[PDB]
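Every protein chain but one is kept in place in this view of the complex.
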Amino acid sequence: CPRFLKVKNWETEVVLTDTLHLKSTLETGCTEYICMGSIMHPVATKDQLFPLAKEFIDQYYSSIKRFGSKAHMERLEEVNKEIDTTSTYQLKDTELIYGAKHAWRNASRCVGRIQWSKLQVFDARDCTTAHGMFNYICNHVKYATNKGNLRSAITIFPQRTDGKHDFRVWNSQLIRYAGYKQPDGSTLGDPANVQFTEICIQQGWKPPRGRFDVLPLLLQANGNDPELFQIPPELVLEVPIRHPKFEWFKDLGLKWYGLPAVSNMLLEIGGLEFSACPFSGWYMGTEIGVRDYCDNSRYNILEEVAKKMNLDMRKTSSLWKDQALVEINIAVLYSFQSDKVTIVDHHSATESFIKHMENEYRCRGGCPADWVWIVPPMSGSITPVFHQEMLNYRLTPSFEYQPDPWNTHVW
Amino acid sequence: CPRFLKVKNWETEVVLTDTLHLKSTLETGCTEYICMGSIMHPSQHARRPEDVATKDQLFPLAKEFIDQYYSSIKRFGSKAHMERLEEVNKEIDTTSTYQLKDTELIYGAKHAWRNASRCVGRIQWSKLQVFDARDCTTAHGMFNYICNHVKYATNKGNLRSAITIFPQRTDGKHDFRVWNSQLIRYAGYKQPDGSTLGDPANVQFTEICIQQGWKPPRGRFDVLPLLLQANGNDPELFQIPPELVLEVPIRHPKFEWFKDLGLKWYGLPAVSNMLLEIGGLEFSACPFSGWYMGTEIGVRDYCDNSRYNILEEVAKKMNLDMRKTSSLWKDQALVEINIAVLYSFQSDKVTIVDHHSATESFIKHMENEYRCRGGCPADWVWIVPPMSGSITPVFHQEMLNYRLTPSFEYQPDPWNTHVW
Amino acid sequence: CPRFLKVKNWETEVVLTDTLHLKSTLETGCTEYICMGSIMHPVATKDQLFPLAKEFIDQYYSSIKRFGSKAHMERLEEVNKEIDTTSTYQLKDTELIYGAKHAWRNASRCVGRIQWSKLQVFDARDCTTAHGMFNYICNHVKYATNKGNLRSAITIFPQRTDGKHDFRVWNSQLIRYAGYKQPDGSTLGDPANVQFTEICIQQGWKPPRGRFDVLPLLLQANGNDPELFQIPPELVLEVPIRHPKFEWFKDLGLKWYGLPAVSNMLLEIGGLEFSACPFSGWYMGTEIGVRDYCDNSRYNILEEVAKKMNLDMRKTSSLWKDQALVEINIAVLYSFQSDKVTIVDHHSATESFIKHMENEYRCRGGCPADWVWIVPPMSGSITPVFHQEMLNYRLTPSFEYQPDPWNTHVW
Partner (left out) sequence: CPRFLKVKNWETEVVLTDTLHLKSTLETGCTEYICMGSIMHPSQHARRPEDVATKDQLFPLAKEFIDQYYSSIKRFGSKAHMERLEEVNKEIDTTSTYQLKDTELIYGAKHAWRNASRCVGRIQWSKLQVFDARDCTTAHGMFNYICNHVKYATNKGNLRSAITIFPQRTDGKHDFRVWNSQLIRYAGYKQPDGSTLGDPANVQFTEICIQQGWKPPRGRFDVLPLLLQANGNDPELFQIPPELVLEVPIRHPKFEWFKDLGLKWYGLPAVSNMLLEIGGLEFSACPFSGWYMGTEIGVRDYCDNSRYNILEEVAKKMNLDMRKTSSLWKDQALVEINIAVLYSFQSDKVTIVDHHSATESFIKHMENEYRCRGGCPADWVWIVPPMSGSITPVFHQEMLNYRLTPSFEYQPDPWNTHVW
């Protein structure tokens, strides 16, 4: 209603038909009179949980081609008695694996979804303490890093109960660099992490006060006050950034970590909420080269690089920023590759994503996709995704945003 | 339910409050469940293009526009307001259409620009020369008006914004249409090769011209003739006098070989296929022009695979290693082409703006608009330039897209409608 | 989007879930800001036809559980080549029958749809003249009347081609009574048929000028001027109306016809348009007893029945109209039953409809229904449909309104 929606690719003229949108139950934020497409961010009762669980179990049994089976019916009744009796329920291991992979399949902001079914799921639902969380995270980091040959993984901690016993990873990613405000108002290190760094120091962390200090983990188990743990340094793979032609590039002393491991999202499956679910894949180069290094509110290196390149910086129309941007991005890829650390460039990644989108239309009837996030932050129209119409809608299971845990926790 | 909305800039932390969206009366194409922000022409439950406005459609649309006009000149509820409303109503009542005052037409055109959510150039919105061509009756008359537009707008390279507005739709059988999609564009030809010579965007229009008896030079940059439909008649061909057509040969400030590619482009971007809607009145022929942002030429026109597709050519001449995507050879060539376009336009003293300067001005305009008007409708997908997105400030700026009227709207290609 | 909608019955508290709304492709007339639920009325190119034909053939092949065959793929190719070469296509007999039955299944205004699959389809696509049409119409009337034991039926004339060659039955129903404007402004016979009656007279029909004159058929074949034909009187089954207790009722000289045969609708199947498609079932009593007899702008008999009942008519609050209404409706049912002519009362009809709706939710995931038309025009809340929430949406194949032919027709 409408049944069929069409997307066009403006380079190939290929028109595709979406019916997967019909499975949407959650709202996007837009209305018929306003589009919120560029806005970054536009305790279940028994009664609410029943339908959400049924819908999930239903789709699970359908996916394994056993819809209507007595297994299907019995699982439904078991779940139903479980909710009725404890006001919640437990996923079977198979359901949790399915839910996690599908939350990734459904993530409309992820260009990496061709890999969605190749995902190692660590089931940490028996975890009870922050030291326990630390151990699981270390196994995840070791497994995922794999000496540079990165492998996708998610570690899933106990689901929410009453909301007073939440497991949380206070870090926004498992591995990030510290940020300190300087007396003159500038920032040393990564300005994105200034608040989180302050919390860590406040909690007792001794800060080395350099540019690329790996943050410790701040871990909350069962709603208890969070605890600090240092990731053993031999587990954190880093790459020093050099350039294949500019010998001076290494002199900038840039580096970055190999494993991008988002750790502050909420994974929702059949109405159940996994507030601690760090997951990791591998980098697309522009995430580091364009955003991390060249955002004005991040490491902000364009000007230094341009100076070393001896560019004429007096006029914006010389495109000195653009020129430097490319060199930086060349260096990031070249450095990761030289060190045998899995990375993908924005051309290869977006081309793969288009193939994935086409497979998804053919087998699933569509592929929810957020064009604003999917198109890379540089060279947008010389990647195929710029020219591809897309439709954005929300399927469950899904990854969602949740408030920072310091905004809620009582000590 | 009505509410004020906040937009945040994620670099500056500046948060702005949108109140203007509350005035929107036209649909965006999204729903609560499905966002259609990246669809180029979403369905927006508009009435069929071939239909003309009924009285019941016209009355509210004319009242809303006249109210907004009298409100804008600080004369809302005045005797003149009331009398103008009465006159407009009698006209709709007795003829089922009305005529705009010249002042209203000028106001309408500037506001349609002010309201164009896809336009990054709107800081310039009130500086618009409006050529009122509503007395035009023939295709030759149209030609004359268009030659004036081209001459005034071009201004020997010192480009000036302008719009020329032909007679409004009546019964839908006497429409004025400029068949060209822009006043000045290059021909495209399907070759015996299978390849395309010239601009592939213009292949169908080119065949129509040829079929109308136009003699194609069959080169890579043939300026297209005008094909102009007056009063609903079959369209007629006219060659723009070549001396009115300002072109720029493309060269690079450092690469002496770049000029050997034999690239050029025209100075005057003049969109000619859109419909201007003011108070329910439809101006189906309303060519308008400003000046280029360099990426329009250097990224899209030159580097789209379905356009001139010059990336490989240029990368070869640059002696780049093209074996792997990860060398970013495409991105290197792209920066150089875009340098050359800006340099070539600046050297010939033809107005151009680069994507950094254009987007920085847009941010400034947005802020002025939130302060003086309560918002600025903007389509992020179109506003963020097609290269270097996040090293421009608009990438980091949340925008809200909504449709205000007066507006510029798309309309079907006339060869899809026209019976000969 | 949303995938699930709920309807509640406010007498039983049963909640049903609708998913059939998802197959909707056509608009209703409402918007998010206005409801047009009580508004009575709120040629296809090659490019339009391809998708409409595909959607239909797909749903047909899915209905016979052969989706993705073999026969399905070839039928699609055949249809596509047909549209390609001729800008139109022909339905198989199978698909025509299926389409006709589904148009009835989908008609949200019809309370009689429990019967939807028991429909006799007379395929009149080989018809070419008005006399041909007359013949097919005589067949339909005779078969559907069946001496009082009415059988549902539809006769389908050739589809529209260029729009200049339309088949049309100018009558709104095959059997209806003439109406005559009188010099003093009153009307003799049925006021609803005055315009059509004048046309007939203008075409040289010699009018009896009584209260219940059965109209001639006015039939347009192949876009030609329409022609007059008298329905052989022996084919026209009528019922004199008398009352089981009031011996004086028969003296009112009332009668009606047995066969309600709507003849002015358009049947749309897979993008094809059948502009002449008379169809019939049998009456619900209130149609005659409440609407045809008691509408102020119909036979308007309330006051004279009330007079004969000797009711105090001086105050609305005596409910003299309501009493008369019930008595007239009793007489209609009693008369049809006494003469063994199929009829259904509004309790039995609406009860069957709720049972049908429940069947449709179980097997099809919903049942579009227009509450405004489904609730009988008397005694609303003492039928179960009044208490039943319904969703209205438009499914194809469908029956649609079309303009009176005498507005368009060039003589």
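Order of writing sets the chain letters: A, B and C. Residues in each chain are counted from 1.
As a convention for this text, a residue touches a chain if its C-beta (ideal position, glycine included) is under 8 Å from a C-beta of that chain, and two chains touch if they have at least 3 such contacts.
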Checklist line | Which residue of C:74, C:162, C:304 or C:322 touches the chain not shown here | finding: C:322
Note to self: One chain is left out of this view; which of B:76, B:257 or B:410 touches it in the full complex?
What the structure shows: B:76
Margin query: In the complete complex, the non-displayed chain touches which residues of chain C?
Written below: 5, 7-8, 10-11, 21, 24, 26-40, 285, 290-291, 294-297, 302, 316-319, 321-323, 325-326, 329-330, 333, 337, 345, 347-348, 351, 370-372, 375-382, 386-387, 389-394
Notebook entry, point to check: Which parts of chain B are in contact with the chain that was left out?
Noted result: 1-6, 17, 19, 22, 25-27, 31-32, 45-47, 54-57, 59-61, 64, 76-77
Checklist line | Where the missing chain touches chain A, by residue | finding: 1-2
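We adopt the following convention: only the chains that are shown with their structure count from here on.
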Notebook entry, point to check: Among line, ring, star, complete and other, which best matches the way these chains touch?
Noted result: complete
Note to self: Suppose each chain is reduced to the average of its Cα coordinates; what separation in Å results between chain B and chain C?
What the structure shows: 50
Next item on the list: Could you give the separation in Å between the centres of chain A and chain B, each centre being the mean of its C-alpha atoms?
Entry: 37
Margin query: Suppose each chain is reduced to the average of its Cα coordinates; what separation in Å results between chain A and chain C?
Written below: 57
Margin query: Please output the residue numbers of chain A that touch at least 2 other chains, ranges allowed.
Written below: 21, 24, 31-32, 393
